[PDB]
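For reference, the chain that follows is the form solved without this ligand, supplied as C-alpha cells.
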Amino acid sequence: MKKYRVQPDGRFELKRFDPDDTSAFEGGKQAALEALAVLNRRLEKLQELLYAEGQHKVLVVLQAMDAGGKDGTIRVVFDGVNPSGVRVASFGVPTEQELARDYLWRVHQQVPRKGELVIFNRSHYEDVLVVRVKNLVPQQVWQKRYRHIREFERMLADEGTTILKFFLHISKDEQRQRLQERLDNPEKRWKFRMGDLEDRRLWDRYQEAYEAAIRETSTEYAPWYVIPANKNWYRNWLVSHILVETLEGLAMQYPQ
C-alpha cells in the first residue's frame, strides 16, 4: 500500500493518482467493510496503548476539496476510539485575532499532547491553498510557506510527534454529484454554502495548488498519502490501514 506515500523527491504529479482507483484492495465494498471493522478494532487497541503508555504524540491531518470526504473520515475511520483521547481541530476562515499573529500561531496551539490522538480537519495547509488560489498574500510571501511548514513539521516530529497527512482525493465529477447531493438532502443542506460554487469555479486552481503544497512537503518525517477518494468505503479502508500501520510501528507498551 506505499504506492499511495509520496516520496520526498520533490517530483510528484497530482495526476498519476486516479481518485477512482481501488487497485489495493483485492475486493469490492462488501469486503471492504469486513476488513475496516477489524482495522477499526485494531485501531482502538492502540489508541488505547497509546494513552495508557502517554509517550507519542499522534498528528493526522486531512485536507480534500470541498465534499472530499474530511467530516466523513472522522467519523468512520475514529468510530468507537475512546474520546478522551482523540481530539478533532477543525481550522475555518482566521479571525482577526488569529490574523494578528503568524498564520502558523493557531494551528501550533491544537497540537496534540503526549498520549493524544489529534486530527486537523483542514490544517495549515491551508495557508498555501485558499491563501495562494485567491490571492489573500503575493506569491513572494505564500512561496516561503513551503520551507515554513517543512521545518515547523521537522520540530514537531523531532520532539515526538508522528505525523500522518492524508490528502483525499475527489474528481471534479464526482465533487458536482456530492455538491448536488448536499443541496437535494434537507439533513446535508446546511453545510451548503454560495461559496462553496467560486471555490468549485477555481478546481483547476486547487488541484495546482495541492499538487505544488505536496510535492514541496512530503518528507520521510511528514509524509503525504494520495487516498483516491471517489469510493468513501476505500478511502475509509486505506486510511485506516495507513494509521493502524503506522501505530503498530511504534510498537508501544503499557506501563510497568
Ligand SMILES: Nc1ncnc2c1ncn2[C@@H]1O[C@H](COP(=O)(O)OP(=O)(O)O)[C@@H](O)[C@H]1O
Given for the second form:
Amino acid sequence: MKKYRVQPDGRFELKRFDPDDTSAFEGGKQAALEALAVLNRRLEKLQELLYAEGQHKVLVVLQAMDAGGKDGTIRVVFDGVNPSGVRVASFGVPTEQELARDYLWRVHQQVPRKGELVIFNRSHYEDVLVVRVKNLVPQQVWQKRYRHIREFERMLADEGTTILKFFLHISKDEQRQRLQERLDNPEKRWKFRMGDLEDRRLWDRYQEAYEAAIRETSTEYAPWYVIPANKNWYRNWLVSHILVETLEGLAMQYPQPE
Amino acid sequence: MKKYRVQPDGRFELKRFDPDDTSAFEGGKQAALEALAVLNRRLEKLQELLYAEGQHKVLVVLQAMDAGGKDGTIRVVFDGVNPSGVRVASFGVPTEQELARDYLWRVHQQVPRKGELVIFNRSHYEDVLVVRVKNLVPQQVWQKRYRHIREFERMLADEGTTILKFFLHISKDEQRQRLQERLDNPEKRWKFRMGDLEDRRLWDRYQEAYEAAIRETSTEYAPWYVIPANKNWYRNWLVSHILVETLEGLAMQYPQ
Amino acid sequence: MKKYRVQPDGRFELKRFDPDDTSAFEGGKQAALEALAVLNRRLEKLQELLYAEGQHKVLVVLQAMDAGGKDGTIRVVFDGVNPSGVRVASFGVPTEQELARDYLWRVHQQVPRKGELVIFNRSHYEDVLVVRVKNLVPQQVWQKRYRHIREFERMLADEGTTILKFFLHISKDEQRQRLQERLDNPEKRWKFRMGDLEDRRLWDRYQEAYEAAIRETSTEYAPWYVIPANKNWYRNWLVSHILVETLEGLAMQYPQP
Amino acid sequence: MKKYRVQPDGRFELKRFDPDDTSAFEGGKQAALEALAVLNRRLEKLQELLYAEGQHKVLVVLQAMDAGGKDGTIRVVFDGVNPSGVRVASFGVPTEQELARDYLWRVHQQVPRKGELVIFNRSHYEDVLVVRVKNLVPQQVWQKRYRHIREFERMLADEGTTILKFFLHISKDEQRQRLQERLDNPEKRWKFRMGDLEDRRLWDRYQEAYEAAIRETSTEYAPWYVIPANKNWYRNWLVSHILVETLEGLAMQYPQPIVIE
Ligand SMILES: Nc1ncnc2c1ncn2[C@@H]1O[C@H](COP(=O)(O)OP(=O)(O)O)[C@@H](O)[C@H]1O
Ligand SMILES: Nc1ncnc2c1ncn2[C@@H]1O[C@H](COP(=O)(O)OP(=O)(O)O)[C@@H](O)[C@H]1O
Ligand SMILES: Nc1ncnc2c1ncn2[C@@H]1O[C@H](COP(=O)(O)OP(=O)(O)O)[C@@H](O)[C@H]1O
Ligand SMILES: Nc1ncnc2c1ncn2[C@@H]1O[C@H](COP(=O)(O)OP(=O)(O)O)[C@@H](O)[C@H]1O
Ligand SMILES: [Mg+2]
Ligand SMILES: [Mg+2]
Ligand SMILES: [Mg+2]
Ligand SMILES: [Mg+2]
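Return one more block: the form deposited with this ligand bound, after the form solved without this ligand shown previously.
Below: every chain and molecule of the assembly, starting with the one above.
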C-alpha cells in the first residue's frame, strides 16, 4: 500500500508512475465509492480524536498540475469532517507584501496549530515549481530551496507536525480533456484563466520540476505520495486510505481530567 | 418564522422565549431530520454560489451558555459544505497580546473576506457577557461597548457583510443534564473544566447579560435570532432555515 | 495654540487656515530650533514613562498632500525617541487581500498596543480622501464612512487610546516648489512617481475632501489639528508642542513597586 | 572586527572572552563617545539608503543575560535613526496561541521585510536558552533545535537577509550591581520581577547554555559577535562599528526614477 510512498533514496523517476494505474483497488468505481464512504466515516471520527487530544498538528499538502484534482480532493476526502478542526490554506500569486519577505514567510504563517488538520492547496513547493519552470529566479537561487524545504519540514515534524504530501498525477491528455470540459461547464466557466494555455506548452518542464522536487524533498519525516489521479474515484479512495492509516498510526487518545 | 428575529425596538425580554419551544415545526424529530437534509443540500449549493460570485461576506455568530450547542450546530448545519469556502473562528480566554489592544482587535482580524462564510464560535459579545458577569472591567467600561458593537457591525454590513447572530437558548435544567452527560462520557470528559460548575452558580447573571446584549445589539443590519436549543433537531433545522432564507435573499449569481 | 484644534461644531473651514501662518511662535527658525530641542527632550522622557506605565496607547495620525511633510515630521519630531516604544505604520495602495475585507481591517491591525506610541503615515482617512476624489467606490458608500470613522475612534479612545490627528497644511505653490526640488535632488528623485503630478491636477478636489473629513471627524475624543506646514521649523515645533502637552495631560506614573 | 566574530569551527569557549575587555579601542570613555557620534551619523545615512533602495533585509539579534544591556544598545546605537525604517520586535514568555505552533512561527512572523532594519530584543535563541535551563521541553526536544536555527538562518540569508547576532557579555558581579541599581532607582524598579533572582541563581547553567548556542549557531552566513558589555561606552561603539561596516559592505545605491506646473 506504500508502493506510492517515495523512498528517501534520491532515486525517484516519475516515468515509473502511471496516472491511469488503479492496481491498489480490486473492484472498480461502484465498489471504491462504498470503500471511500467507510474511510470517510473513520476520517470524521479520527479528526474528532485529533481535536479532542489537542497535541498533534496534521499538514496535508496537495500539489498537482492545473485541473489535476486539488479542489475535488478537498471537497470529497474531507466531506462531513467538522469545520472547527479542518482548514484550507491556498497559495496563489505572491503579493508585494509576501515577496518583501522570504518565500517561506507566507507559508509558515498558515501551518496547523495543535489539534488542527490543515490542507495546503498549492504550497511552498511552488517556489521550486512555477519559479523553476518560468525562471522567475536563477537556478543558483531556487537550487538552494530544496535544502530549505527539507530543513523547514524537519523542524515542523520534530516540533509535532505529521506531514503528508500528495502529488496528484494526471496525464497530459487527461488535462487537455478537463480544461476543455472547464470551458463548456457553466458553473466552472469562471475557474478558467488565460495563463492555463501558456503553462500547457511548459508541460514537460513542469514534469521535470515535479520529478526534481519529489526526489529532493521526500523524507521519512515528510513523505511524498504519488497518487495516480486520472480516475477521480481512485484518487479520492487512495488519498483517504493513506490519510486514515497515517492518523490511525498516531494512536491518539481522548484525555481525562482528575 | 421570524417570530425568533429580535426587533430593533429595545423592548425584548428573554422571558418570552422558551428553550423547549418547537412551534415553528409541524412535527417531530424524524420529519425535522428530513427537512434539515433538504435545507443542508440548499446550503451546500448557496455556499458554492457565494464562493463563485466572490462579492458577499457572510458572518454567522454563535453564542450560547456552556453546553448550549455551539460545536453541534457547526458540525450538523455545515455538514458537507466545502471547506475552502467555510471557516470557524473560536474566541477563548484572551492572551496578553490580545488584551494589549482594544477587545475588537482580535475579532476584527477574523472577519469574513469576499466569497467567504465565517462562523464565530463565541465572539466580541463575550466582552459584554463573561466580562460583565465576572466584572473583568467595571460597568463604566463595559456599558459603552454596546454602542461600539452596534457601530462596528454597521460598518461591517455597510461594507458588504451579511451578519446573522444566533443565540442558542437552553434551560438551566437542560444544561445540568448535558454537563452530567459530559462527566458520564469518556469521549466527552475532555471538554470539561472545573470552572463549568462555577459559571453554573452565575446562571441568572448570565441570562440577565444575554437579555441586555440582545436588546442593545439586535439591529436591522445585524439581527439576533433566539433559537430554542433544548431540542438539537429543532435547533439545527431552525438555524439552517434562517441561514438558507437569508442567503437566498442575496440573489447571488455565477460569473459570466 | 488651541487655535489649531478643530472644534466638534461641524463648522470647519480650511480657508481660515493659512499654510504660511507662524503666529503661535514669537520668533523665527533659529529660536524655534532651540524650543524644539527642549520639547524633544521632554518627548523622549514622556515616551519612557509611557512604556514604563504600560497602560495608555498613543496614536498619532499624519495626513497631508504629497510633499506635505509627513516623513520629515516623523524624522524630526521623533528624533532620539526609543525605538522600542515608537512605531510607524504606513498605508499605501490597498492589496487584493486588504480589499477583500472592509477598509478598516488593515488599519485596525496596526493600532498601538498598551505602552506603545504609533504614528500612522496616511491612514483610514485615505478611504474618504483618494477613494472619494478618484471615486474608487460610489458616494453612497464613502459617505457612510465618516460615521464609521467617528465610532471606530470612539471605541479606540474609550478602550484606552489617546488619539492625535494632524493635518499638515501646505499651499499649492509650496507643493510645486517641493515637487520640483524632489525632481532635482538625486537622493529624493526616487520618491517621485508619475501619480504625484496627476494628483496635483486634483488639488481642489483633494482640498474639498480634506475640509469634509476634518469637519466630520474632529471630535473631543479624537481632535484634528490643522498645522500650517509651509515652514518646516514651525510645523515640527507645533506638532511637538501639541504632542508633548497631550502626553503631559495623561499624568503618567511609574508602576507600584 | 574579526577578534569578536565567532568562527564556525565549533571550538568557541566563552572563558576566552572578558566582559571587561576594551582592547579594540584606544582612547577610553571620552574618545569613544566622539567615535560613536561619527558612526551614528553614518548609520543614519546608511539606513536612509536602505529604505530608499528597498532591496536588502537587515536583522540585528540582541541576546544578553538580564540587565545585559539590550534596551541600552537599541536606545544608544539607533539614536536619531528614522522610525519609519527601523523596528524592534521583542520576544517574551510565549502565549497559548504561540505555543500551539512550533517555536519558530512567532519569530518568522517578525523577520525584516525589504528596505527594513529589524532588531530582535531576545529571539528564537530563547528556545535553546531559558527553555534549556528551566527544562520547559526535554533535552531530546531542544537538542534538535540548534540544527533548526542553523537551517532557518541559512534560508533567511540565502533569500536576502544580512544577519548580525550580538551576544552582550557581562560579568556575574556587574549583573549584581545593575539588578541592585534597578531596585534602588525609582524610574527603574518597575523593570524588576521576582524571577530576576532565579535567573541570577542559575547563572552558570545560563552561561553553559550561551556557550553551547553560540558554538552551534555561529556560521559564515549568520555570525555571532561576543561584545564585552561591562562598559556601556565600549559596548555601544563596538556594536555600531560592526553594524556600520556590514551596511557599508552592501554597496547600497539610490534608485534612478518633466516641468511641474
Ligand atoms: N510561489 C509562487 N510564485 C509564483 N506563482 C505562484 C506561486 N505560488 C502559486 N503561484 C501561482 O498562483 C496561481 C494560483 O492560481 P489560482 O487561480 O488562484 O488557483 P488554482 O490553482 O486553483 O487555479 C497558480 O497558477 C500558481 O502557479
Ligand atoms: N472576551 C473574553 N474575556 C474573557 N473570557 C473570554 C472572552 N471570550 C471568551 N472567553 C472565555 O473563553 C472560554 C473558552 O473556553 P473553551 O473551552 O476554549 O471553549 P468552549 O466554550 O467551547 O468550552 C469560555 O469559557 C469563554 O467564557
Ligand atoms: N485607502 C486607500 N485607497 C487607495 N489608495 C490609497 C489608500 N491609502 C493610501 N493610498 C495611496 O497609496 C499611496 C502610497 O504611496 P507611497 O509612495 O507608498 O507613499 P507616500 O505617500 O510616502 O508617497 C498614496 O499616494 C495614497 O494616495
Ligand atoms: N521562548 C521563551 N520561553 C520562555 N520564556 C521566554 C521565552 N522568550 C522570552 N522569555 C522570557 O520572557 C521574559 C521577557 O519579559 P520582561 O521581563 O518584561 O522583559 P526583559 O527581557 O526586557 O527583561 C524574559 O524573562 C525571558 O526569559
Ligand atoms: Mg467546549
Ligand atoms: Mg468550557
Ligand atoms: Mg513618497
Ligand atoms: Mg527588562
